[PDB]
Amino acid sequence: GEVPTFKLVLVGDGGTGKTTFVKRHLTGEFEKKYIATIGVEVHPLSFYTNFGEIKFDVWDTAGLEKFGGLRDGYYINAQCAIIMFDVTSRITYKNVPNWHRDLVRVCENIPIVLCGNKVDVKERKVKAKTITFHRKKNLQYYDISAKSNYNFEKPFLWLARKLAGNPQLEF
Amino acid sequence: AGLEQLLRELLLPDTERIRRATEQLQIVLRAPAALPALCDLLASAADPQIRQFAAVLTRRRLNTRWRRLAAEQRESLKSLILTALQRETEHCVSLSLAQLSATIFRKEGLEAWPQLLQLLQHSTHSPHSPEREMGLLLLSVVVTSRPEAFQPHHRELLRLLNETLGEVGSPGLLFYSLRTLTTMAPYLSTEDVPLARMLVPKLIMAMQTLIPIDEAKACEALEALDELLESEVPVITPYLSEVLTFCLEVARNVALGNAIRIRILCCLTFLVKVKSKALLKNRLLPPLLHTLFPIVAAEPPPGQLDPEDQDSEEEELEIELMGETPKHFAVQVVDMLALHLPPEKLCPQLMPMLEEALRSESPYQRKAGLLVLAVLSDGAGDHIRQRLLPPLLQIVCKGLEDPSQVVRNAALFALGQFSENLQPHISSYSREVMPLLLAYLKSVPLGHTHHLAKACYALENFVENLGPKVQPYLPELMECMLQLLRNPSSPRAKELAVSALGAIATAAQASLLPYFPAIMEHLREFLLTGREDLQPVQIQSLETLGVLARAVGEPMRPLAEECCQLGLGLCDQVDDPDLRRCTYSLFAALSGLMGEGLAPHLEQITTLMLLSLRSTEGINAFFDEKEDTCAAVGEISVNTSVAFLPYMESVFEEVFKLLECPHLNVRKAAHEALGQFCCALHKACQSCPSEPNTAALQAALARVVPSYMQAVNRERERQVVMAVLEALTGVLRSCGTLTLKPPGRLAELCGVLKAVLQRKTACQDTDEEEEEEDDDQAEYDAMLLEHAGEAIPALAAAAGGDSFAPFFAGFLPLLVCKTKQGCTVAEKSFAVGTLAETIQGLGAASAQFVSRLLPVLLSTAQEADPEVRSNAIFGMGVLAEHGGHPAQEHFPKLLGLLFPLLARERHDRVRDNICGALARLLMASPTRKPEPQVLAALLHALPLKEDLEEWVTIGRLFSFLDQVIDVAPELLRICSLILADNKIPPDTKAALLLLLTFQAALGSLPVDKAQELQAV
Ligand SMILES: Nc1nc2c(ncn2[C@@H]2O[C@H](COP(=O)(O)OP(=O)(O)OP(=O)(O)O)[C@@H](O)[C@H]2O)c(=O)[nH]1
Ligand SMILES: [Mg+2]
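As you go down the protein sequences, you meet chains B and A in turn. Going by PDB author numbering, the final residue of the first sequence carries number 178, and the count climbs one at a time with no gaps. Counting with PDB author numbering, you get residues 4 to 622, 667 to 1008, 1014 to 1049, 1059 to 1077 for the letters of the second sequence.
Hints should not be assumed to be uniformly reliable.
As the list claims (entries may be wrong) - Once the Cα atoms are required to be at most 30 Å apart in a straight line, the calculated DSS-like pairs of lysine-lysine come out as:
(1) A:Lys330 x B:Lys169
(2) B:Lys134 x B:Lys25
(3) B:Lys73 x B:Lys40
(4) A:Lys280 x A:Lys348
(5) B:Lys134 x A:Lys276
(6) A:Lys220 x B:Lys14
(7) B:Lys101 x A:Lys276
(8) A:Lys457 x B:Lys136
(9) B:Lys169 x A:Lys220
(10) A:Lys472 x A:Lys992
(11) B:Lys129 x A:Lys457
(12) B:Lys132 x B:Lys39
(13) A:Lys276 x A:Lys220
(14) B:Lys40 x B:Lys161
(15) A:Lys330 x B:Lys132
(16) A:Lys867 x B:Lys101
(17) A:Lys457 x A:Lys445
(18) A:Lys278 x B:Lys143
(19) B:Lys144 x A:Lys976
(20) A:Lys110 x B:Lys144
(21) B:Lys143 x A:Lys992
(22) B:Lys25 x B:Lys14
(23) A:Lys992 x B:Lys144
(24) B:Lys132 x A:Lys715
(25) B:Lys40 x B:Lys144
(26) A:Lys940 x A:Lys976
(27) B:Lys136 x A:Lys715
(28) A:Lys472 x B:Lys144
(29) B:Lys39 x B:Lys161
(30) A:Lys205 x B:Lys143
Just so you know, these hints were derived from the structure itself, not from any lab.
Please model the complete structure; the sequences and the hints are all you need to start from.
Spelled out as structure tokens, the structure:
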């Protein structure tokens, strides 16, 4: 009988590494063929902390193919979300404020951390001084590694901090 | 309506996969026939959890469904919105209804819904609290809906603000009011009553209450406050210190997330860049420094080691550049504080706090000191230029002996920004600090490539600017990188070592000879390499070998014999433009050095060059790669014999098609690549080919000229104006009268280019604005003027009395504006130089013009500058041997020229030009002249230590036997004083040595010639 239950909804444009992100958090491997992620799926994941193993919910929301618009339905009752962006294109960065406006019209405050995938490439387009929107909009930022699994647990640790607020939550 | 809610009750928690795939059947196809409310609103009366996204779907539908909606469809919705406002049970539900009201307020604009105004009055009165806060939130969202449509209501809203001043109550009401003024801020009134105040105590109390409640609410309060000030607000200026004092003293509450510090410091920075003159009136800096000093030396409450305190730190190999910790953005905040204000005396004012910061016993005090050096380190060092130029030359050394070893890194960084911010100070008392720094850095080869990389970046960087000074430093530096050179270590160590080798190579140019044979073995080892994981080291070694080839040439023939194919061979293993960077430069330089030596590897290299620009990469930016390849063809202009004759047609036309592209830098690269074909064809033709080759290359020149001609005025831009100007000057300097074949470039081109300069310029525009992203744009156009200095002389000396020769007269009146006493010394120097080439280019026709312009030259006379006007000073001479009869017109004007000013002489240049001009005047004709007098005076003050252009005067005066002999002892003593010196032109042959044979010189030797010249 585990008491701490927390639903997590991931947000981002389709085909932006979200499926790879969740599948790497499942077992830690990359699958080569690209399939446009459609629909939604649940991946019950429990991670170890000082309070034991804590279970979490996953919502594999993606796919701008269906005629019917249901993208806004998943946004209800969610208390946490994570945002992606690509480092090789300006469109993701200029779409970040659109994601900000839609999330704020969803809820007035939700802990959100800016995260950008596909950093394993040796050449990097989005140079660091460009990344200033989150600071002035009061959004926290972590980085993710596509190979070394850097920040594999620490974004979730930050999520745990915001869930509890007591700084004694450790690995 | 029944089945929908039944689906929702089960699909809300975790839905179903099959229910996820249902979608369109779950949507129930919408099927809108009329759908007023029954299948369009579901009566809006159920459990609100469904009702939020029900309203969301209604919004999505109505965003497009309003094409046939009837009139009896708006009163119903607004009445239902009012009922929902009265029927509220949850905060999120109220938020959703407010959002729906704001987003249904999207159209029909004004002139509608009086009931919102009546609700506005109700909320202003609103003795009941919860309905008051709901009214405040709905007014806030409707204001958010329309940014500035209700300008007349602004006063009303401002008057509404007065009521909001009266209730310092529930935190929700304060949050609503401040987020309301958040959207109010973009109104930018700046003209309403300045009496709008008392908001400061309310926001102080709001953030005070939110410290234990929520950090973020005060956050949005502060960016709201920051957005409030954007223009000349009449009320913020008088009382501003109180809010910053409050925010810092509440930041002294360490029991808070660092975001509090983040946005107090950013709000302070914006307050400063808005204005910073208030601190002139009151001493607000010292309290700020006392406040931030604990921040600079902040200590974790549990003593937790910093992320920079880990010994290993083997993560994030590529690059990190994090700055979220308080110390970093604190040091950038204080640095922008320092740089934003003028120097004045603030640095001497903070010195008494500086030696207080200098107490460094605890390591945290040591980081505090290194950070105060970091902030003091600025672009302008005028304060440190005059006082304590080596201000702390041993404290930086005392920081090396630090067990915490982070003070060493901080000192390394500080020396970094000293190197690339204080240019004059790189030539200072560094005679002893550099070797010990190198020694202790190479004394710790623990494998931490981060410290080695930052050392390589910060060191061996400014010394390259010092050319003569680095030779005494040649030996020791080797036993620095040989500490890790060619030793088993990480590839990062190898790339660092080879980059440093390139750095000292640049610093030492051709002075590498004494120890270079020891670099022969390293070069042979590293060049004969290659592995599946050693790409970056091989690439960097490639461009550093290119730098070696550029720096030292002919002495490298034994080294130049190889590398013709060994480096070339290692390209087929992997195909990548990144892998192909700078590869063209090395073989290009090899071709330039060999001449015909590239004949064996001449065709395959051409094919590999061809298969670099055909790639459709483009067809701060990813396209920059192309530029590199483009630069390759530039070197082809140096020396390629005539092997490119069939190759040129293979590329040029495609390169022609590359002159047009939206990207500016690729256009600049293409244009500078075009700028070298003139030299290529000219060097091909000078090496005597057959006459058919001459005709073919002349036809090529004729077809290529219009490509340059079309760019004389078609361009509408600033950045490429320079490039086109030097390219046209070079192509004109790379040719001659053969470019004069089309009789349209003689006057029309010259007139167009003259009209382009100064006024009537295509670029000199002001009506258009900059809606795109801007840049530094530091008014480069002014320098363009002096760049135009080389525009005139290009083929200027090619008419000599042609039909277009008296064309400069069209530009003559504008030059008058140059000589008016309303410009700077640079403008006068530009004008006098330009007139110098115009007068030296032509003859009698220009001689009469300059004769008529002589009163202007006399008006210029002698200004207060050691190096101005010298161009005309020798211009009188150059016209003295020019013109002919115009020179004979004005002998009295020619002689004299306010000669007594030789006593005023302070600079060598003006003396040399005066002497040369007078020599030309004297030797123009063997006639009477001042002779012994001015001649003796100029001989007396004749060191001629820097007359690097007027050896021709000395050569021509020699053996030119008017009067004879003249003052022989003076010239004899002067030439004996000159004596054997550095490299000299053919001037010195027949320097009156044989004329001694005269009799007086032999009998009366000048002082004592036997000291060095016993016989000769
Ligand atoms: N092929 C491959 N791609 C990788 C790998 N690691 C990261 N990537 C990046 O992932 C991208 C794959 O594209 P997609 O299949 O559409 O994955 P995605 O961009 O995250 O889109 P979604 O799958 O919808 O989330 C490539 O462009 C790579 O930049 C890898 O190991 N193999
Ligand atoms: Mg993916």
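Consistency of the hints with the structure:
no.	hint	in the structure
1	A:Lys330 x B:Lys169	holds, 23 Å
2	B:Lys134 x B:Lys25	holds, 22 Å
3	B:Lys73 x B:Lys40	holds, 22 Å
4	A:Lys280 x A:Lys348	holds, 14 Å
5	B:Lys134 x A:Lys276	holds, 24 Å
6	A:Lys220 x B:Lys14	holds, 24 Å
7	B:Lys101 x A:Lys276	holds, 26 Å
8	A:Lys457 x B:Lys136	holds, 20 Å
9	B:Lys169 x A:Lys220	holds, 15 Å
10	A:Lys472 x A:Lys992	holds, 22 Å
11	B:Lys129 x A:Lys457	holds, 19 Å
12	B:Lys132 x B:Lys39	holds, 24 Å
13	A:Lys276 x A:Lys220	holds, 25 Å
14	B:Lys40 x B:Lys161	holds, 29 Å
15	A:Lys330 x B:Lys132	holds, 27 Å
16	A:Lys867 x B:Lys101	violated, 53 Å
17	A:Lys457 x A:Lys445	holds, 13 Å
18	A:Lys278 x B:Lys143	holds, 20 Å
19	B:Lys144 x A:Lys976	violated, 83 Å
20	A:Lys110 x B:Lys144	holds, 28 Å
21	B:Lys143 x A:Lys992	violated, 61 Å
22	B:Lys25 x B:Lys14	holds, 17 Å
23	A:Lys992 x B:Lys144	violated, 65 Å
24	B:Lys132 x A:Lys715	holds, 22 Å
25	B:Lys40 x B:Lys144	violated, 37 Å
26	A:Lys940 x A:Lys976	holds, 13 Å
27	B:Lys136 x A:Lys715	holds, 26 Å
28	A:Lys472 x B:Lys144	violated, 51 Å
29	B:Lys39 x B:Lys161	holds, 26 Å
30	A:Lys205 x B:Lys143	holds, 23 Å
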